[PDB]
Each structure stands twice: as structure tokens, then as C-alpha cells.
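> Each chain is listed here by its residues.
Number of protein chains: 2
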Amino acid sequence: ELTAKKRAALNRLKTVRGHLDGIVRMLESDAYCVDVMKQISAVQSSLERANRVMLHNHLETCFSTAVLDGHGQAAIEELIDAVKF
Amino acid sequence: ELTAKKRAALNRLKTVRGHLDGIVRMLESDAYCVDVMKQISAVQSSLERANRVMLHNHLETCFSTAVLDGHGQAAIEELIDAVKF
Ligand SMILES: [Cu+]
Ligand SMILES: [Cu+]
Numbered sequence: 004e005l006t007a008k009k010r011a012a013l014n015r016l017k018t019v020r021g022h023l024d025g026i027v028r029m030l031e032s033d034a035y036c037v038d039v040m041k042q043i044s045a046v047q048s049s050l051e052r053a054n055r056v057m058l059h060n061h062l063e064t065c066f067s068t069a070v071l072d073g074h075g076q077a078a079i080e081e082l083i084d085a086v087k088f
Numbered sequence: 004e005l006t007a008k009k010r011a012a013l014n015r016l017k018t019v020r021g022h023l024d025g026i027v028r029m030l031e032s033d034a035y036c037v038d039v040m041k042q043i044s045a046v047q048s049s050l051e052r053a054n055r056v057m058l059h060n061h062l063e064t065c066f067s068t069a070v071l072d073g074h075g076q077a078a079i080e081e082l083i084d085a086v087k088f
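Chains A and A' are the protein sequences, given in the same order. A prime marks a further copy of an entry chain. Count along the first sequence from 1, then add 3; that gives the number in the entry's author numbering. Count along the second sequence from 1, then add 3; that gives the number in the entry's author numbering.
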């Protein structure tokens, strides 16, 4: 069943797929380079926001409750690739 | 009519919209946070590549042929917002 944050991330993502459609569309109509470039940047910024809600969800959620057991090093170590790999 | 670079940017973008679908889908199935986070990052990296092909197209294209006339300052000045605004 679906979190606070995971819902919003999801809706954010849905919103971004439509944003993407628009860009695909204008590129298809041989749109002005700079305009396309700025849409693409708008999309990336929304992606950044969604990813950080994710992280945030993850930390209080799966991350924390690597309280009990092997948690610790493994949760961290793999958390690290998802920041940049 | 459609450029070298603008074609590829377009196909890249089309590819990314499908990538996005997948993410929307897994989030809908309450997917593992980290996995989702890493897809989202994969999408952003492809966006970065597409944007730079754009830039590259723009520079040889509309940017350059602000050779003649008021070109110069205006093309540059507005080019600058599309790097970060
Ligand atoms: Cu998680
Ligand atoms: Cu251009």
C-alpha cells in the first residue's frame, strides 16, 4: 500500500510524462532549439524534485528499519549508488 | 526540415518517454524506492545527452547564423538562460 511521498512522486512522474510528450511533439515540428532545450531542463528539474521525495520516503521507510539485522552497511552501501552511479 | 542532431535528440526523447512509462508503472505497483530512484536517474542522464546534442545543433545552426545583424548579444544573452534558468 502506497505512501505519502510515493504517491506524490508518482503524480509528479505522471505530470512529467505529459511534459515529455509536448517536447517530443515540438521536436517533431522542427521547433526552435532553445525552447526545446528549456523544456528539457524544466523536465529534469521536476525529476530532481521527485527523486528527492523518493530518497526522503526511503530514509524514513526501508532505510530506517534497516535498524534490525544486517541493515547498516548494506543499505548505506547500495543507497550510495543511487545518488550517482 | 529536420537536422542530424534534432532527429537523434527526438529519438532519444522518444526512448525516454518509454523509460518514464516503466517508472510510472513500477511506482504504481509500490516498487522498491532505490530501484525507482535509479531509473529516474537513468532518465535524467539521457535527458542531459539529448540536451547537449540540442545545444550542439543550435550552435552550428541558429546560433552561428546570428553572424549577420543583431545576432551577437541577443543570441548569447538568451542562450544563457537555457543553460540554467
Ligand atoms: Cu525504500
Ligand atoms: Cu537553434
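Simulated from the structure, these hints should not be mistaken for laboratory data. Don't be surprised by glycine CBs; every beta carbon is placed ideally from N, CA and C. Hints may be right or wrong, so weigh each one.
Chain A stretches covered by chain A' per the calculated footprint, using a threshold of three residues with CB under 8 angstroms from any CB of chain A' [to be verified]:
id, stretch
1, 11 to 20
2, 24 to 35
3, 41 to 53
4, 58 to 65
5, 74 to 86
> Against this structure, judge whether each hint is valid.
How the hints compare with the structure:
{"no.": "1", "hint": "11 to 20", "result": "holds (count 6)"}
{"no.": "2", "hint": "24 to 35", "result": "holds (count 7)"}
{"no.": "3", "hint": "41 to 53", "result": "holds (count 8)"}
{"no.": "4", "hint": "58 to 65", "result": "holds (count 5)"}
{"no.": "5", "hint": "74 to 86", "result": "holds (count 4)"}
Every hint, counting from the list given before, is met by this structure.
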